[PDB]
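Here's the structure we're looking at; comments come further down.
With one protein chain withheld, the remaining protein chains of the complex are depicted in position.
Chain lettering (A, B, C, D and E) follows the sequence in which the chains are written, and residue indices restart at 1 in each chain.
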Amino acid sequence: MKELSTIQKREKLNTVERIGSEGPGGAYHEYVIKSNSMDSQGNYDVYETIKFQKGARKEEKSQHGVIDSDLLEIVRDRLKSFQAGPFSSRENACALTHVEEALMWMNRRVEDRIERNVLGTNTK
Amino acid sequence: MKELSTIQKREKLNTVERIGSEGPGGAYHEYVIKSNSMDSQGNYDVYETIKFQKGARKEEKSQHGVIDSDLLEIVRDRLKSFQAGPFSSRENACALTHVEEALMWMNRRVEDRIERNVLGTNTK
Amino acid sequence: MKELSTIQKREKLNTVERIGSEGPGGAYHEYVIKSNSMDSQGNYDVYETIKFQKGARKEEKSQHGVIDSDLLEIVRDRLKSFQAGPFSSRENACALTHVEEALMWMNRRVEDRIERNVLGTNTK
Amino acid sequence: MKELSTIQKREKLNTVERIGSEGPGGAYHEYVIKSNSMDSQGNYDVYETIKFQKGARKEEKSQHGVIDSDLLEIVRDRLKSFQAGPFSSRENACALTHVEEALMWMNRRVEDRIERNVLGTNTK
Amino acid sequence: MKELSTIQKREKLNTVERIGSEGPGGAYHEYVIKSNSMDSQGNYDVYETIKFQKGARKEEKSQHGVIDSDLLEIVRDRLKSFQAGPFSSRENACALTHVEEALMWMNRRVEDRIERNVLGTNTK
Partner (left out) sequence: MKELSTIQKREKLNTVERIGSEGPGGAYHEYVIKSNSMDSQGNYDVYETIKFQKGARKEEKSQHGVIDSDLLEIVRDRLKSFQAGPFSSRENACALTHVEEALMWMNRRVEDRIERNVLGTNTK
């Protein structure tokens, strides 16, 4: 189906699913994170929807939402916090460095698209 | 301020804020992503809350929520989609490799923790 | 020759040679590491053959042997040992991180091939 | 025990064990790779030993053996061959780049040591 | 135009400009660095030209000059100094690792071109 195959294979808290159809650029713009667990009453402990910006912000017709950069900045902030606290680890430091370099490349993309004046249009 | 200082400085679609207080491990467990734009009535175009798992999933008193690798798996899937579509870029390729290596390091944490019998406990 | 061109060009303890013919996947499955030095009597100081698994382990026809992740795990263990000991270095630290990321990618390969039910088969 | 905890968790062909005790720098200098499979007589399908250089090469009393870059050069050559063949993969490319960068850092160590005149000597 | 589009966008000390014509390999071989500030007289605080080797050193007619690894070695030395000094930062440490790895890859290029017996020639 549309349940994501993840790099983590054991002890997974949640599954992630694509919602809707492929949209601009070939990607999905809505996802659900839902728990692999249940309460005693049978509903999901976790059922969170994430909508991404689909179409440009400057247009009302567009689905306004989050961008990849926001999620990574959240994860970065939490990792910096965890490293400053009592349960730090070398794995956290390595993950954090990769998260920040991914963030830098995404920012490199936005800036390149500004220089070429293509930010916000459906063009390579 | 609780607004996060992000790597991206220009043309930001959204602002990210920590919500609540630092808790287990020294990290925040809820964040809000909100638009830098507003609608006619003056309401936000995007006002998205993300809640993270706080406390072990087995326990009912615990706040159940997402984990960081879910967010990165979403971003990873979207980057793979974009790279297969008409708007690919070398910047995407580098961001994607870093996102996957961050995911691989996070998995390494879970596996080390399983090996040491500390998964799900407040211990290094 | 079939001697391997190495990244280290100076003060090399040993030379490495490819042994045999290429086979499955375009690769060789036996190697010899021999010292660049001879003893008081003229015999080689070091002469190791390393045989790799050739064909699936589950088939009786196969040349059973080692796989690359085994060698890398040995090197990882030795580098971690050296870093915990009195002769640590930053060069060791950089090497160690790359060896671990190579292992993580080799394992990604294994997990992908299991997911697609192709592990142990001659299929891309 | 002396069994190494590896990054790979599923479908492991072999196990690696440390042999003996700590030597110079805090590392072990002999390892065994043995299959997780056995023949009819209960003998190992694979049992191979790798011995590392312990003590400087010139001193003749030293335990002469392989060095880590020899193993990494083998793995690098095999990965290059696989990438040229029909069973290539992106995981192979990422692993190969990391293996090569580990080799480049191992050479850098050697070159610094030659420069500081401390090669072959038990000195940081 | 002729001005380089740089990764740094705010508080830039200087501008970098391409000088002259496209040359061997498709690159430019003269660059100019000039301050974004000017003095009381209206003259530039900085106006520095860097010429690069265009053509082989052995031939007299060719423009003798610097090579890129020279510039990176200077930056590496300065970064090592700053890391030993009071104004170190994690950003400096990451930049330094990348500069050294870029240098090592430039050294791979030199070493390979030696081995294929093409160093100093206009050949792929």
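The criterion applied here is as follows: a contact is a pair of C-beta atoms (placed from the backbone, for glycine too) under 8 Å apart; a residue touches a chain by one contact, two chains touch by 3 or more.
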Among A:78, A:108 or A:113, residue touching the chain not depicted: A:108
Where the unshown chain meets chain A, residue by residue: 100-101, 104-105, 108
Interface residues of chain D (partner: the chain not displayed): 97, 108, 111, 115
Where the missing chain touches chain E, by residue: 4, 6-11, 13-14, 16, 18, 22, 25-28, 31, 33, 35, 37, 39, 45-46, 48, 50-53, 57-58, 64-75, 77-79, 81-82, 84-89, 91-92, 94-96, 98-112, 114, 119, 122-124
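Please note the rule applied: only the chains that are shown with their structure count from here on.
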Inter-centroid spacing, chain B versus chain A (mean Cα positions, whole Å): 6
Distance from chain E to chain D - Cα centre to Cα centre, in angstrom: 37
Residues within chain A bordering two or more other chains: 7, 9-10, 94, 108, 111
